[PDB]
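Student: For reference, the chains in residue letters:
Number of protein chains: 2
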Amino acid sequence: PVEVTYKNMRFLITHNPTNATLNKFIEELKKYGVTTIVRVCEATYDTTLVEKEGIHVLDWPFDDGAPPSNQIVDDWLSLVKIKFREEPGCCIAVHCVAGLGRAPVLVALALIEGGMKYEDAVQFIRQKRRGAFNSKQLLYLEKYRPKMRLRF
Amino acid sequence: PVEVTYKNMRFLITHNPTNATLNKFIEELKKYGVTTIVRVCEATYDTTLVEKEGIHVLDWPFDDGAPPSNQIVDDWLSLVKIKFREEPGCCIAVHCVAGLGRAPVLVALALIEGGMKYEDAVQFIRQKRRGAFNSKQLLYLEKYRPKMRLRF
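Sequence order for the protein chains is A and B.
Residue 9 is where the first sequence starts when you use the deposited numbering, and the numbers rise one by one after that.
Residue 9 is where the second sequence starts when you use the deposited numbering, and the numbers rise one by one after that.
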């Protein structure tokens with residue numbers, strides 16, 4: 009459970025909960041004040057229970073070692089533009105399945121789009137994950153050209 | 009003759025010289041300390057005379073109301089990355105023909121690539137030109153996604 013924050017954004021990168029640890033997972037997400045959870049991997053748990061706690065779940069999966077399309081980058085980036093202005097001091101959670109995987113990839117994106125050079129972003133995240141990002145993914149982030157349309 | 013500077017960059021936006029005002033044009037460019045002149049429009053003057061004063065002339069023309077390709081954006085952007093580090097406090101000149109035209113477009117690019125939002129850049133330039141940029145061009149700058157690979 010790595011937490012990273014920059015400017016007015018604050019993300020939580022967690023592990024896919026088990027069908028049996030789902031009640032605590034909530035209890036925790038609630039603690040960190042997360043109001044949204046984006047699953048960039050396979051979905052393996054009934055969310056009706058999570059949604060009932062006011063924590064909407066988004067499913068924008070994208071193949072590992074494969075850049076998260078363009079539709080996802082847009083929606084995600086836009087989700088960040090709104091959510092944090094919309095609900096001050098809240099947290100957005102992102103998770104995969106085998107553990108982190110590519111979650112970091114979208115948070116890196118928010119950071120870069122947030123005016124951070126890609127390396128700056130990658131380093132800022134490894135500060136908390138250390139094993140985050142693999143060679144294929146680093147390449148992605150390197151060639152990424154930010155829209156730079158997030159005001160602060 | 010509009011001069012604009014940001015960080016360690018300093019550009020001069022001039023009018024295409026006449027075959028008869030070429031000697032003074034030089035005398036002036038020399039004053040502003042320009043070491044390069046990029047012609048984004050038609051070429052209408054023998055440069056052998058300019059080159060003899062150590063002022064190399066580049067011809068990267070690009071159609072008006074049409075984005076300056078990608079090869080030009082790259083070379084220009086790269087010319088900026090080098091020249092100013094290469095020769096501290098120097099000036100880069102850019103000109104069209106009927107007057108300004110799209111010169112401003114590349115300087116805007118250097119500014120944005122220099123960490124300025126497009127509007128910030130456009131405003132910063134209008135401060136000195138006021139009539140710079142037309143509707144088609146503004147659109148260009150708006151959709152431009154900077155590489156953000158210029159260190160300062």
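By construction, these hints were calculated from the structure, which means they are not laboratory data.
Just so you know, even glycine gets a beta-carbon here, dropped at the ideal spot from N, CA and C.
Please note that a few of the clues may not be correct.
Stated by the list, open to error - From the structure, some residues in chain A lie toward chain B, with a derived Cβ separation under 8 Å:
1. 122
2. 125
3. 156
Student: Decide, hint by hint, whether the structure agrees.
Tutor: We went through each hint and held it up to the structure:
1. Interface restraint check for residue 122 of chain A: the shortest CB-CB distance to chain B comes to about 12 Å, outside 8 Å, so the restraint is violated.
2. Among the interface hints, the one on residue 125 of chain A holds; its C-beta lies about 6 Å from the nearest C-beta in chain B, closer than the 8 Å criterion.
3. Below 8 Å, beta-carbon pairs count as interface contacts, and residue 156 of chain A has one with chain B at about 6 Å; its hint therefore holds.
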